[PDB]
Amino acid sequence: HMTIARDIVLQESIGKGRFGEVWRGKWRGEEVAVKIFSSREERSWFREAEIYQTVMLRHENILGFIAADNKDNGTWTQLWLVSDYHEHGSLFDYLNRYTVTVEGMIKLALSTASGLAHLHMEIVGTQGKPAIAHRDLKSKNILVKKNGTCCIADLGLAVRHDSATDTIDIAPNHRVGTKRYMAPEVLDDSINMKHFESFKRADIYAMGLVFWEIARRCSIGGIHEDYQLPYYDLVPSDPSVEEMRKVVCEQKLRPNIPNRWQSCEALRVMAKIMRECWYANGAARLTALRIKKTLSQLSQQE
(Lines of atoms letter the chains of each structure in order from A and count residues from 1; the text may use other names and numbers.)
(Lines give C-alpha, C1' and ligand atoms only; values in the text may rest on other atoms or scores of the structure.)
Protein backbone atom coordinates (compact mmCIF):
# COMPACT_ATOMS: atom_id res chain seq x y z
CA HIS A 1 0.00 0.00 0.00
CA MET A 2 3.00 2.35 0.54
CA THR A 3 4.29 4.39 -2.44
CA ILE A 4 7.40 2.74 -3.98
CA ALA A 5 9.61 3.57 -6.99
CA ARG A 6 8.73 0.45 -8.99
CA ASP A 7 5.08 1.66 -9.14
CA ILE A 8 5.96 5.16 -10.46
CA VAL A 9 6.26 6.08 -14.15
CA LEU A 10 8.15 9.24 -15.14
CA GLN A 11 6.29 11.54 -17.53
CA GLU A 12 7.96 14.94 -17.84
CA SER A 13 11.24 16.69 -16.91
CA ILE A 14 10.32 19.54 -14.49
CA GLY A 15 13.71 20.91 -13.44
CA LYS A 16 16.65 20.25 -11.14
CA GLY A 17 17.99 21.06 -7.69
CA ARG A 18 21.62 21.42 -6.50
CA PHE A 19 22.17 17.71 -7.42
CA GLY A 20 19.52 15.46 -8.89
CA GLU A 21 17.04 16.01 -11.73
CA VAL A 22 13.31 16.47 -11.06
CA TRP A 23 10.47 14.72 -12.92
CA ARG A 24 6.68 14.63 -12.77
CA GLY A 25 5.80 10.97 -12.20
CA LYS A 26 2.53 9.06 -11.90
CA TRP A 27 1.71 6.71 -9.04
CA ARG A 28 -1.65 4.87 -9.32
CA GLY A 29 -2.92 7.67 -11.56
CA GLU A 30 -1.73 10.50 -9.19
CA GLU A 31 1.03 13.04 -9.94
CA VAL A 32 4.09 12.91 -7.67
CA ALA A 33 7.43 14.81 -7.93
CA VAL A 34 10.49 12.61 -8.22
CA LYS A 35 14.08 13.84 -7.65
CA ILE A 36 16.62 11.48 -9.20
CA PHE A 37 20.24 11.09 -8.08
CA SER A 38 23.02 8.94 -9.51
CA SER A 39 24.96 6.32 -7.48
CA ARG A 40 27.86 8.77 -6.95
CA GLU A 41 25.45 11.36 -5.38
CA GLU A 42 24.43 8.85 -2.64
CA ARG A 43 25.60 11.18 0.19
CA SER A 44 23.42 14.10 -1.08
CA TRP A 45 20.40 11.80 -1.58
CA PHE A 46 20.83 10.12 1.82
CA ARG A 47 21.17 13.44 3.71
CA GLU A 48 17.99 14.85 2.05
CA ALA A 49 16.09 11.56 2.81
CA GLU A 50 17.39 11.79 6.42
CA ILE A 51 16.14 15.42 6.86
CA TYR A 52 12.75 14.62 5.34
CA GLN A 53 12.33 11.62 7.67
CA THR A 54 12.88 13.76 10.78
CA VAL A 55 10.32 12.87 13.49
CA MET A 56 7.33 15.32 13.62
CA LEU A 57 8.57 17.33 10.62
CA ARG A 58 5.31 17.24 8.57
CA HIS A 59 3.53 20.56 8.34
CA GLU A 60 1.28 22.25 5.79
CA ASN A 61 4.08 24.70 4.86
CA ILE A 62 6.84 22.02 4.49
CA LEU A 63 6.98 19.98 1.26
CA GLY A 64 5.24 16.63 1.80
CA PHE A 65 7.76 13.78 1.69
CA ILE A 66 6.54 10.46 0.28
CA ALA A 67 9.52 8.14 -0.04
CA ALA A 68 13.21 7.51 -0.45
CA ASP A 69 13.84 4.48 -2.71
CA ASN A 70 16.19 2.89 -5.26
CA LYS A 71 15.27 1.85 -8.79
CA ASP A 72 17.54 -0.54 -10.74
CA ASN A 73 16.82 -0.41 -14.48
CA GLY A 74 19.05 -3.42 -15.22
CA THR A 75 22.19 -1.35 -16.04
CA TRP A 76 22.43 1.22 -13.24
CA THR A 77 20.68 2.23 -10.04
CA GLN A 78 18.86 5.55 -9.60
CA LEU A 79 18.31 6.96 -6.09
CA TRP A 80 14.88 8.50 -5.75
CA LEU A 81 13.26 11.08 -3.49
CA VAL A 82 9.48 11.22 -4.03
CA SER A 83 7.37 14.13 -2.75
CA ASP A 84 4.03 15.82 -3.29
CA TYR A 85 3.66 17.40 -6.74
CA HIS A 86 2.62 21.12 -6.92
CA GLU A 87 1.58 22.23 -10.44
CA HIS A 88 2.51 25.91 -9.87
CA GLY A 89 6.10 24.88 -9.16
CA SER A 90 8.35 27.33 -7.29
CA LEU A 91 7.51 30.74 -5.79
CA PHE A 92 10.13 32.04 -8.30
CA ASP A 93 8.09 30.55 -11.21
CA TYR A 94 4.78 31.78 -9.70
CA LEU A 95 6.01 35.38 -9.16
CA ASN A 96 7.38 35.57 -12.72
CA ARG A 97 4.02 34.42 -14.12
CA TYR A 98 1.55 36.33 -11.97
CA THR A 99 0.86 39.37 -9.85
CA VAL A 100 -0.84 38.87 -6.49
CA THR A 101 -3.51 40.74 -4.57
CA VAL A 102 -2.88 42.10 -1.02
CA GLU A 103 -4.62 38.90 0.25
CA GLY A 104 -2.44 36.76 -2.12
CA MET A 105 0.78 38.41 -0.83
CA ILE A 106 -0.15 37.91 2.86
CA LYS A 107 -1.05 34.25 2.19
CA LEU A 108 2.36 33.64 0.55
CA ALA A 109 4.36 35.51 3.21
CA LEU A 110 2.44 34.09 6.19
CA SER A 111 2.65 30.45 4.91
CA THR A 112 6.43 30.86 4.25
CA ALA A 113 6.97 32.33 7.81
CA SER A 114 4.81 29.50 9.29
CA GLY A 115 6.89 26.79 7.55
CA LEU A 116 10.13 28.42 8.67
CA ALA A 117 8.94 28.87 12.29
CA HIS A 118 7.98 25.14 12.25
CA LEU A 119 11.42 24.14 10.84
CA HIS A 120 13.20 26.38 13.44
CA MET A 121 11.11 25.24 16.47
CA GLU A 122 12.15 22.35 18.68
CA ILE A 123 9.17 20.20 19.77
CA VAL A 124 10.09 18.61 23.10
CA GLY A 125 8.60 15.21 24.08
CA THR A 126 8.85 11.45 23.32
CA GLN A 127 8.30 11.98 19.56
CA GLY A 128 10.44 15.13 19.69
CA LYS A 129 11.36 17.26 16.70
CA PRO A 130 14.85 18.86 16.62
CA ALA A 131 15.19 22.52 15.62
CA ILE A 132 16.27 22.67 11.95
CA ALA A 133 17.90 25.52 9.93
CA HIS A 134 17.47 25.40 6.15
CA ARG A 135 20.76 27.09 4.90
CA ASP A 136 19.42 27.58 1.34
CA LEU A 137 16.13 29.47 1.57
CA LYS A 138 15.17 31.25 -1.69
CA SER A 139 12.17 31.73 -3.94
CA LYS A 140 13.33 28.79 -6.15
CA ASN A 141 13.22 26.51 -3.02
CA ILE A 142 9.66 27.35 -1.99
CA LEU A 143 6.72 25.83 -3.85
CA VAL A 144 3.20 27.27 -4.30
CA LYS A 145 0.21 25.03 -3.67
CA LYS A 146 -3.11 25.11 -5.57
CA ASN A 147 -4.68 26.92 -2.50
CA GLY A 148 -2.20 29.83 -2.91
CA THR A 149 -0.08 28.98 0.18
CA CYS A 150 3.64 28.10 0.13
CA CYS A 151 5.59 25.09 1.32
CA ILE A 152 9.35 25.08 1.94
CA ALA A 153 11.33 22.54 -0.08
CA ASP A 154 14.95 21.51 -0.98
CA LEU A 155 15.94 20.57 2.60
CA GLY A 156 19.16 18.78 1.54
CA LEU A 157 21.49 21.39 3.08
CA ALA A 158 19.62 21.63 6.39
CA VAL A 159 21.27 21.23 9.83
CA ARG A 160 19.57 19.76 12.90
CA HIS A 161 20.16 20.84 16.50
CA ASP A 162 20.54 18.79 19.69
CA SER A 163 19.43 21.30 22.39
CA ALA A 164 20.73 19.42 25.46
CA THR A 165 24.39 19.64 24.17
CA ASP A 166 24.01 22.64 21.74
CA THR A 167 25.61 20.61 18.93
CA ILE A 168 24.67 20.25 15.23
CA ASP A 169 24.23 16.78 13.63
CA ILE A 170 26.80 17.44 10.85
CA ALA A 171 30.11 19.38 10.46
CA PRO A 172 28.82 22.25 8.28
CA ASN A 173 31.01 23.64 5.48
CA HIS A 174 31.20 27.38 4.79
CA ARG A 175 29.08 29.08 2.10
CA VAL A 176 27.03 25.99 0.98
CA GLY A 177 23.91 27.80 -0.26
CA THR A 178 22.94 30.17 -3.06
CA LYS A 179 25.36 33.13 -3.14
CA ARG A 180 22.69 35.82 -3.82
CA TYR A 181 20.73 34.89 -0.63
CA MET A 182 23.72 34.40 1.73
CA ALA A 183 23.54 36.44 4.91
CA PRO A 184 26.29 39.09 5.44
CA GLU A 185 27.95 36.88 8.13
CA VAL A 186 27.99 33.95 5.69
CA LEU A 187 29.48 36.06 2.84
CA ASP A 188 32.32 37.45 5.03
CA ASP A 189 32.81 34.03 6.84
CA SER A 190 32.37 35.62 10.28
CA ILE A 191 29.43 33.32 11.17
CA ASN A 192 30.09 31.14 14.23
CA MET A 193 29.16 27.72 12.77
CA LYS A 194 29.29 26.02 16.21
CA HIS A 195 26.30 28.25 17.20
CA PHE A 196 22.99 26.76 15.88
CA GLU A 197 21.11 30.11 16.39
CA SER A 198 23.54 31.66 13.82
CA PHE A 199 22.04 29.36 11.12
CA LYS A 200 18.42 30.29 12.09
CA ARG A 201 19.37 33.99 11.89
CA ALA A 202 20.93 33.52 8.39
CA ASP A 203 17.62 31.89 7.23
CA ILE A 204 15.69 34.99 8.45
CA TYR A 205 17.83 37.32 6.31
CA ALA A 206 17.06 35.10 3.24
CA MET A 207 13.33 35.04 4.09
CA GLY A 208 13.39 38.89 4.14
CA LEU A 209 14.79 38.78 0.57
CA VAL A 210 11.98 36.40 -0.46
CA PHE A 211 9.35 38.78 1.11
CA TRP A 212 10.81 41.59 -1.06
CA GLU A 213 10.27 39.43 -4.21
CA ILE A 214 6.63 38.82 -3.24
CA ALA A 215 5.83 42.46 -2.38
CA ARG A 216 7.07 43.66 -5.81
CA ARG A 217 4.29 41.54 -7.36
CA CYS A 218 1.52 42.82 -5.06
CA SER A 219 -0.76 44.69 -7.52
CA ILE A 220 -2.97 47.48 -6.07
CA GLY A 221 -5.15 49.43 -8.55
CA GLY A 222 -3.20 47.70 -11.35
CA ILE A 223 0.14 49.14 -10.05
CA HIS A 224 3.07 46.73 -9.31
CA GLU A 225 6.81 46.24 -10.02
CA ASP A 226 8.18 43.69 -12.53
CA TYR A 227 9.59 40.44 -11.16
CA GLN A 228 13.25 40.67 -10.07
CA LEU A 229 15.57 38.61 -7.93
CA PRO A 230 17.05 40.49 -4.91
CA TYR A 231 20.12 42.57 -5.91
CA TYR A 232 19.18 42.41 -9.65
CA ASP A 233 20.25 46.11 -9.77
CA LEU A 234 23.69 45.53 -8.17
CA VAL A 235 25.24 42.17 -9.07
CA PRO A 236 25.65 39.89 -12.16
CA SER A 237 23.05 37.09 -12.81
CA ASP A 238 25.24 34.32 -11.29
CA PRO A 239 27.15 36.36 -8.66
CA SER A 240 30.36 35.29 -6.90
CA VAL A 241 30.73 35.44 -3.08
CA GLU A 242 33.10 38.41 -3.66
CA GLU A 243 30.56 40.37 -5.77
CA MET A 244 27.88 39.74 -3.14
CA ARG A 245 30.20 40.58 -0.22
CA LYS A 246 31.21 43.97 -1.73
CA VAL A 247 27.51 44.94 -2.04
CA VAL A 248 26.04 43.36 1.12
CA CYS A 249 28.94 43.64 3.65
CA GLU A 250 31.04 46.59 2.43
CA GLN A 251 28.61 49.01 0.77
CA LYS A 252 25.85 47.64 3.13
CA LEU A 253 23.08 47.87 0.48
CA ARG A 254 19.86 45.88 0.64
CA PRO A 255 17.05 45.57 -1.95
CA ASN A 256 15.30 48.90 -2.57
CA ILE A 257 11.98 49.53 -0.81
CA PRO A 258 9.73 51.42 -3.35
CA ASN A 259 7.94 54.57 -2.13
CA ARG A 260 4.59 53.08 -3.29
CA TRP A 261 4.90 50.43 -0.45
CA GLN A 262 4.38 53.24 2.12
CA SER A 263 0.84 53.89 0.70
CA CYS A 264 -0.71 50.58 1.95
CA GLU A 265 -0.83 49.12 5.54
CA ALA A 266 -0.05 45.50 4.38
CA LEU A 267 2.92 46.77 2.28
CA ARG A 268 4.12 48.97 5.22
CA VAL A 269 4.01 45.92 7.58
CA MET A 270 5.91 43.81 4.93
CA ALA A 271 8.57 46.52 4.36
CA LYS A 272 9.14 46.84 8.14
CA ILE A 273 9.56 43.03 8.40
CA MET A 274 12.12 43.15 5.52
CA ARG A 275 14.22 45.89 7.21
CA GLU A 276 14.15 43.89 10.49
CA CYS A 277 15.41 40.69 8.63
CA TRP A 278 18.23 42.64 6.94
CA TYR A 279 20.45 43.85 9.84
CA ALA A 280 24.13 42.91 9.32
CA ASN A 281 24.17 41.46 12.84
CA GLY A 282 22.04 38.31 13.00
CA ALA A 283 21.32 38.78 16.72
CA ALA A 284 19.30 41.93 15.84
CA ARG A 285 16.98 40.12 13.35
CA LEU A 286 13.32 39.14 13.99
CA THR A 287 12.62 35.43 14.70
CA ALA A 288 10.42 33.35 12.35
CA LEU A 289 7.90 32.99 15.22
CA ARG A 290 7.64 36.82 15.63
CA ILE A 291 7.20 37.27 11.86
CA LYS A 292 4.44 34.60 11.87
CA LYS A 293 2.70 36.42 14.81
CA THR A 294 2.91 39.78 12.96
CA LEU A 295 1.58 38.40 9.63
CA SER A 296 -1.17 36.39 11.44
CA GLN A 297 -2.39 39.67 13.08
CA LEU A 298 -2.23 41.39 9.62
CA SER A 299 -4.22 38.58 7.88
CA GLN A 300 -6.88 38.77 10.67
CA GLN A 301 -7.17 42.58 10.04
CA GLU A 302 -7.30 42.25 6.18
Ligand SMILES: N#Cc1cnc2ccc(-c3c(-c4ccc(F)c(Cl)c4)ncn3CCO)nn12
The other form holds:
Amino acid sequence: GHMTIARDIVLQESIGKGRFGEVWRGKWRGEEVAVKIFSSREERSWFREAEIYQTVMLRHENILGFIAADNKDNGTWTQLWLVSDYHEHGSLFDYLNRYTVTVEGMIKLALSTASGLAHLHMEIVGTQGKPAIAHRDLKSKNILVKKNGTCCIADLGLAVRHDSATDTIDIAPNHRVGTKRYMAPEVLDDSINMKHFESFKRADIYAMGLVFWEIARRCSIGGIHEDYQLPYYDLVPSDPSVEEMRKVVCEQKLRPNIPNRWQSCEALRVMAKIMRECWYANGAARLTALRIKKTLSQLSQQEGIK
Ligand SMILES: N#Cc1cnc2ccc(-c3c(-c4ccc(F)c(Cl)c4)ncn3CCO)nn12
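Take the protein just shown as the form solved without this ligand and give its structure as the form deposited with this ligand bound.
The complete assembly is shown below, putting the previous chain first.
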Protein backbone atom coordinates (compact mmCIF):
# COMPACT_ATOMS: atom_id res chain seq x y z
CA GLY A 1 0.00 0.00 0.00
CA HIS A 2 1.73 3.16 -1.31
CA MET A 3 -1.13 5.05 -3.08
CA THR A 4 -3.52 7.26 -1.01
CA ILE A 5 -6.87 5.51 -0.15
CA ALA A 6 -9.95 6.49 1.93
CA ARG A 7 -9.69 3.71 4.51
CA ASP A 8 -6.34 5.22 5.71
CA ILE A 9 -7.64 8.83 5.99
CA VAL A 10 -8.91 10.28 9.28
CA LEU A 11 -11.15 13.38 9.10
CA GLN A 12 -10.09 16.12 11.52
CA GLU A 13 -12.01 19.33 10.78
CA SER A 14 -14.97 20.66 8.72
CA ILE A 15 -13.54 23.33 6.40
CA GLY A 16 -16.26 24.04 3.78
CA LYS A 17 -19.41 23.06 1.87
CA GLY A 18 -18.89 22.40 -1.87
CA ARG A 19 -21.43 22.81 -4.76
CA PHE A 20 -22.54 19.30 -3.66
CA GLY A 21 -20.95 17.49 -0.72
CA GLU A 22 -18.96 18.61 2.33
CA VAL A 23 -15.26 19.50 2.56
CA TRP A 24 -13.00 18.35 5.42
CA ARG A 25 -9.36 18.52 6.42
CA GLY A 26 -8.03 14.98 6.98
CA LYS A 27 -4.77 13.21 7.73
CA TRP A 28 -3.31 10.62 5.35
CA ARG A 29 -0.02 8.91 6.33
CA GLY A 30 0.93 11.82 8.58
CA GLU A 31 0.09 14.49 5.93
CA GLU A 32 -2.83 16.92 5.65
CA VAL A 33 -5.26 16.44 2.76
CA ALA A 34 -8.65 17.95 1.73
CA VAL A 35 -11.54 15.50 1.40
CA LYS A 36 -14.88 16.22 -0.32
CA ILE A 37 -17.67 13.83 0.61
CA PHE A 38 -20.80 13.06 -1.43
CA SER A 39 -23.79 10.84 -0.64
CA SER A 40 -24.64 7.80 -2.85
CA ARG A 41 -27.44 9.76 -4.61
CA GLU A 42 -24.87 12.38 -5.73
CA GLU A 43 -22.82 9.74 -7.68
CA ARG A 44 -23.27 11.66 -10.98
CA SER A 45 -21.67 14.88 -9.60
CA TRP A 46 -18.89 12.94 -7.74
CA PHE A 47 -18.16 10.86 -10.88
CA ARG A 48 -18.05 13.89 -13.23
CA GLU A 49 -15.55 15.67 -10.86
CA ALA A 50 -13.44 12.46 -10.55
CA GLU A 51 -13.44 12.20 -14.38
CA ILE A 52 -12.31 15.83 -14.91
CA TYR A 53 -9.61 15.65 -12.22
CA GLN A 54 -8.29 12.40 -13.82
CA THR A 55 -7.86 14.05 -17.24
CA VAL A 56 -4.53 13.09 -18.88
CA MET A 57 -1.79 15.78 -18.37
CA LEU A 58 -4.02 17.98 -16.16
CA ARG A 59 -1.50 18.39 -13.30
CA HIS A 60 0.10 21.83 -12.97
CA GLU A 61 1.42 23.98 -10.12
CA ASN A 62 -1.61 26.31 -10.53
CA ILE A 63 -4.33 23.62 -10.68
CA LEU A 64 -5.54 21.91 -7.47
CA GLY A 65 -3.48 18.70 -7.08
CA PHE A 66 -5.88 15.74 -7.18
CA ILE A 67 -5.02 12.61 -5.20
CA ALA A 68 -7.82 10.01 -5.52
CA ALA A 69 -11.51 9.22 -5.96
CA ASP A 70 -12.68 6.47 -3.58
CA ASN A 71 -15.62 5.02 -1.60
CA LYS A 72 -15.79 4.59 2.19
CA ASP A 73 -18.46 2.37 3.81
CA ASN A 74 -18.95 3.22 7.46
CA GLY A 75 -21.10 0.15 8.04
CA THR A 76 -24.44 2.03 7.52
CA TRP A 77 -23.92 4.01 4.31
CA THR A 78 -21.38 4.50 1.54
CA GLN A 79 -19.67 7.89 1.17
CA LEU A 80 -18.15 8.91 -2.18
CA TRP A 81 -14.83 10.67 -1.61
CA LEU A 82 -12.54 12.98 -3.59
CA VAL A 83 -9.13 13.62 -1.99
CA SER A 84 -6.80 16.48 -2.94
CA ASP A 85 -3.95 18.59 -1.64
CA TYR A 86 -4.86 20.79 1.33
CA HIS A 87 -4.13 24.55 1.28
CA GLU A 88 -4.38 26.15 4.75
CA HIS A 89 -5.22 29.65 3.39
CA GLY A 90 -8.37 28.27 1.71
CA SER A 91 -9.98 30.20 -1.15
CA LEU A 92 -8.75 33.41 -2.79
CA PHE A 93 -12.12 34.88 -1.58
CA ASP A 94 -11.17 34.00 2.08
CA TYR A 95 -7.62 35.29 1.60
CA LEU A 96 -8.70 38.67 0.06
CA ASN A 97 -11.35 39.11 2.79
CA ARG A 98 -8.72 38.46 5.52
CA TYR A 99 -5.73 40.37 4.04
CA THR A 100 -4.47 43.20 1.89
CA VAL A 101 -1.60 42.35 -0.46
CA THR A 102 1.58 44.09 -1.65
CA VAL A 103 2.13 44.96 -5.39
CA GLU A 104 4.36 41.82 -5.53
CA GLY A 105 1.62 39.83 -3.75
CA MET A 106 -1.03 40.99 -6.24
CA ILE A 107 1.15 40.04 -9.32
CA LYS A 108 1.88 36.58 -7.76
CA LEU A 109 -1.87 35.90 -7.33
CA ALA A 110 -2.83 37.18 -10.83
CA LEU A 111 0.06 35.53 -12.73
CA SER A 112 -0.52 32.14 -11.04
CA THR A 113 -4.33 32.30 -11.75
CA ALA A 114 -3.61 33.12 -15.44
CA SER A 115 -0.97 30.33 -15.62
CA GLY A 116 -3.45 27.76 -14.23
CA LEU A 117 -6.22 28.89 -16.61
CA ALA A 118 -3.76 28.83 -19.56
CA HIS A 119 -2.91 25.20 -18.70
CA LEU A 120 -6.58 24.27 -18.29
CA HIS A 121 -7.36 25.87 -21.68
CA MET A 122 -4.29 24.35 -23.46
CA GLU A 123 -4.86 21.49 -25.88
CA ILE A 124 -1.91 19.06 -26.46
CA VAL A 125 -2.69 16.92 -29.57
CA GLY A 126 -1.17 13.42 -29.99
CA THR A 127 -0.07 10.31 -27.93
CA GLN A 128 -0.25 11.33 -24.23
CA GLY A 129 -2.21 14.42 -25.27
CA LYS A 130 -4.45 16.71 -23.21
CA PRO A 131 -7.96 17.97 -24.16
CA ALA A 132 -8.62 21.73 -23.84
CA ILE A 133 -10.77 22.29 -20.73
CA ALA A 134 -13.04 25.25 -19.98
CA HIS A 135 -13.93 25.88 -16.32
CA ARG A 136 -17.45 27.49 -16.63
CA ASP A 137 -17.45 28.61 -12.97
CA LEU A 138 -14.28 30.62 -12.38
CA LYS A 139 -14.52 32.95 -9.35
CA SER A 140 -12.51 33.83 -6.25
CA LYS A 141 -14.30 31.21 -4.09
CA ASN A 142 -13.05 28.58 -6.67
CA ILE A 143 -9.33 29.39 -6.50
CA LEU A 144 -7.14 28.36 -3.55
CA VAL A 145 -4.07 30.15 -2.23
CA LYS A 146 -0.91 28.17 -1.39
CA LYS A 147 1.57 28.83 1.43
CA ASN A 148 3.98 30.46 -1.15
CA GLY A 149 1.36 33.16 -2.04
CA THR A 150 0.46 31.63 -5.46
CA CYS A 151 -2.98 30.36 -6.60
CA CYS A 152 -4.33 27.11 -7.85
CA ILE A 153 -7.60 26.73 -9.72
CA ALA A 154 -10.13 24.45 -8.10
CA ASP A 155 -13.84 23.44 -8.31
CA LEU A 156 -13.54 21.85 -11.79
CA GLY A 157 -16.88 20.00 -11.41
CA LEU A 158 -18.73 22.06 -14.05
CA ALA A 159 -15.86 21.91 -16.58
CA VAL A 160 -16.28 20.91 -20.23
CA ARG A 161 -13.57 19.11 -22.25
CA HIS A 162 -12.91 19.44 -25.99
CA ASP A 163 -11.84 16.62 -28.35
CA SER A 164 -9.84 18.23 -31.25
CA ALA A 165 -10.04 15.21 -33.66
CA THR A 166 -13.91 15.18 -33.68
CA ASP A 167 -14.36 18.90 -32.62
CA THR A 168 -16.82 17.76 -29.92
CA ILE A 169 -17.40 18.68 -26.28
CA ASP A 170 -17.54 15.58 -23.93
CA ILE A 171 -20.96 16.52 -22.47
CA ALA A 172 -24.26 18.00 -23.75
CA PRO A 173 -23.68 21.50 -22.19
CA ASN A 174 -26.62 22.96 -20.23
CA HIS A 175 -27.29 26.70 -20.61
CA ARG A 176 -26.29 29.17 -17.87
CA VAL A 177 -24.40 26.86 -15.53
CA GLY A 178 -22.13 28.73 -13.17
CA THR A 179 -22.33 31.45 -10.57
CA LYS A 180 -24.64 34.16 -11.98
CA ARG A 181 -22.50 37.10 -10.78
CA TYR A 182 -19.51 35.93 -12.89
CA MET A 183 -21.44 34.87 -16.03
CA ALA A 184 -20.15 36.37 -19.22
CA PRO A 185 -22.46 38.80 -21.18
CA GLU A 186 -23.05 36.15 -23.95
CA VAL A 187 -23.98 33.54 -21.27
CA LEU A 188 -26.39 35.99 -19.51
CA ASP A 189 -28.21 36.93 -22.77
CA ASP A 190 -27.89 33.35 -24.18
CA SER A 191 -26.20 34.59 -27.44
CA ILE A 192 -23.24 32.20 -26.73
CA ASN A 193 -22.68 29.61 -29.47
CA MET A 194 -22.19 26.51 -27.21
CA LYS A 195 -21.19 24.43 -30.33
CA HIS A 196 -17.91 26.42 -30.56
CA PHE A 197 -15.66 25.37 -27.65
CA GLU A 198 -13.68 28.69 -27.95
CA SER A 199 -16.94 30.36 -26.67
CA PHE A 200 -16.37 28.64 -23.28
CA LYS A 201 -12.71 29.66 -23.05
CA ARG A 202 -13.69 33.29 -23.81
CA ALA A 203 -16.39 33.25 -21.07
CA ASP A 204 -13.74 32.00 -18.55
CA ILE A 205 -11.53 35.01 -19.48
CA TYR A 206 -14.35 37.50 -18.64
CA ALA A 207 -14.70 35.79 -15.19
CA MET A 208 -10.89 35.93 -14.70
CA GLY A 209 -11.07 39.70 -15.32
CA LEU A 210 -13.58 40.01 -12.48
CA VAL A 211 -11.26 38.00 -10.17
CA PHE A 212 -8.32 40.32 -11.09
CA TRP A 213 -10.48 43.33 -10.09
CA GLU A 214 -11.12 41.65 -6.68
CA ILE A 215 -7.35 41.17 -6.18
CA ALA A 216 -6.37 44.73 -7.34
CA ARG A 217 -8.81 46.31 -4.81
CA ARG A 218 -6.82 44.64 -2.00
CA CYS A 219 -3.44 45.82 -3.22
CA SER A 220 -2.13 48.23 -0.50
CA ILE A 221 0.38 51.00 -1.45
CA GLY A 222 1.19 53.70 1.12
CA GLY A 223 -1.64 52.25 3.24
CA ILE A 224 -4.12 53.03 0.42
CA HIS A 225 -6.47 50.17 -0.59
CA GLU A 226 -10.17 49.40 -1.20
CA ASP A 227 -12.33 47.22 1.12
CA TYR A 228 -13.04 43.62 -0.02
CA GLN A 229 -16.00 43.39 -2.45
CA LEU A 230 -17.42 40.85 -4.91
CA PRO A 231 -17.71 42.16 -8.51
CA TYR A 232 -21.03 44.11 -9.01
CA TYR A 233 -21.53 44.55 -5.17
CA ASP A 234 -22.67 48.13 -6.12
CA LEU A 235 -25.27 47.11 -8.74
CA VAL A 236 -26.91 43.81 -7.84
CA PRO A 237 -28.28 42.20 -4.65
CA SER A 238 -26.65 39.23 -2.91
CA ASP A 239 -27.52 36.00 -4.83
CA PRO A 240 -28.40 37.89 -8.08
CA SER A 241 -30.70 36.30 -10.66
CA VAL A 242 -29.76 35.96 -14.37
CA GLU A 243 -32.27 38.77 -15.16
CA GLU A 244 -30.67 41.13 -12.53
CA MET A 245 -27.19 40.44 -13.94
CA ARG A 246 -28.30 40.67 -17.62
CA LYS A 247 -29.90 44.14 -17.00
CA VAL A 248 -26.57 45.46 -15.58
CA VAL A 249 -23.95 43.67 -17.72
CA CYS A 250 -25.81 43.32 -21.10
CA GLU A 251 -28.38 46.12 -21.20
CA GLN A 252 -26.73 48.92 -19.21
CA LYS A 253 -23.23 47.69 -20.28
CA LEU A 254 -21.71 48.24 -16.82
CA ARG A 255 -18.49 46.66 -15.50
CA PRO A 256 -16.79 46.90 -12.03
CA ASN A 257 -15.44 50.44 -11.51
CA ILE A 258 -11.71 50.97 -12.16
CA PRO A 259 -10.62 53.67 -9.61
CA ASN A 260 -8.33 56.61 -10.53
CA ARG A 261 -5.61 55.54 -7.97
CA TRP A 262 -4.83 52.49 -10.27
CA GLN A 263 -3.26 54.88 -12.85
CA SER A 264 -0.54 56.06 -10.34
CA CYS A 265 1.12 52.61 -10.13
CA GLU A 266 2.63 50.64 -13.09
CA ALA A 267 1.51 47.20 -11.75
CA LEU A 268 -2.07 48.54 -11.28
CA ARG A 269 -2.12 50.17 -14.79
CA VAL A 270 -1.12 46.77 -16.28
CA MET A 271 -3.81 44.96 -14.18
CA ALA A 272 -6.51 47.57 -15.09
CA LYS A 273 -5.68 47.21 -18.84
CA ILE A 274 -5.96 43.41 -18.59
CA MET A 275 -9.37 43.77 -16.83
CA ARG A 276 -10.71 46.06 -19.63
CA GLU A 277 -9.43 43.58 -22.25
CA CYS A 278 -11.20 40.64 -20.41
CA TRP A 279 -14.46 42.61 -20.08
CA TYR A 280 -15.33 43.30 -23.74
CA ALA A 281 -18.89 42.23 -24.57
CA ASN A 282 -17.48 40.52 -27.70
CA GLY A 283 -15.72 37.36 -26.48
CA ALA A 284 -13.62 37.25 -29.69
CA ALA A 285 -11.95 40.58 -28.69
CA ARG A 286 -10.84 39.34 -25.24
CA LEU A 287 -7.22 38.45 -24.40
CA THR A 288 -6.31 34.75 -24.10
CA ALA A 289 -5.08 33.24 -20.79
CA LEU A 290 -1.70 32.64 -22.49
CA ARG A 291 -1.38 36.36 -23.51
CA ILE A 292 -2.25 37.46 -19.93
CA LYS A 293 0.28 34.95 -18.52
CA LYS A 294 2.97 36.46 -20.90
CA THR A 295 2.09 40.08 -19.89
CA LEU A 296 2.15 39.29 -16.14
CA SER A 297 5.33 37.18 -16.46
CA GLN A 298 7.14 40.20 -18.03
CA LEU A 299 5.79 42.39 -15.16
CA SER A 300 6.88 39.95 -12.34
CA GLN A 301 10.34 39.77 -13.99
CA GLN A 302 10.59 43.63 -13.99
CA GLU A 303 9.54 43.72 -10.28
CA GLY A 304 12.03 40.96 -9.35
CA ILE A 305 9.48 38.63 -7.70
CA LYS A 306 11.14 35.64 -5.92
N1 LIG B 1 -11.57 25.53 2.61
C2 LIG B 1 -10.71 24.91 2.15
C3 LIG B 1 -9.69 24.13 1.54
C4 LIG B 1 -8.36 23.99 1.82
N5 LIG B 1 -7.74 23.18 0.90
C6 LIG B 1 -8.71 22.79 0.07
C7 LIG B 1 -8.71 21.95 -1.06
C8 LIG B 1 -9.89 21.77 -1.72
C9 LIG B 1 -11.11 22.37 -1.25
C10 LIG B 1 -12.35 22.19 -1.97
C11 LIG B 1 -12.82 21.10 -2.68
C12 LIG B 1 -12.22 19.77 -2.92
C13 LIG B 1 -11.71 19.02 -1.86
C14 LIG B 1 -11.16 17.76 -2.08
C15 LIG B 1 -11.06 17.30 -3.37
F16 LIG B 1 -10.50 16.10 -3.62
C17 LIG B 1 -11.53 18.03 -4.44
CL18 LIG B 1 -11.34 17.44 -6.05
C19 LIG B 1 -12.13 19.26 -4.22
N20 LIG B 1 -14.08 21.39 -3.19
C21 LIG B 1 -14.35 22.60 -2.78
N22 LIG B 1 -13.34 23.15 -2.05
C23 LIG B 1 -13.38 24.53 -1.53
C24 LIG B 1 -12.32 25.40 -2.16
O25 LIG B 1 -12.65 25.77 -3.49
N26 LIG B 1 -11.15 23.14 -0.17
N27 LIG B 1 -9.92 23.34 0.44
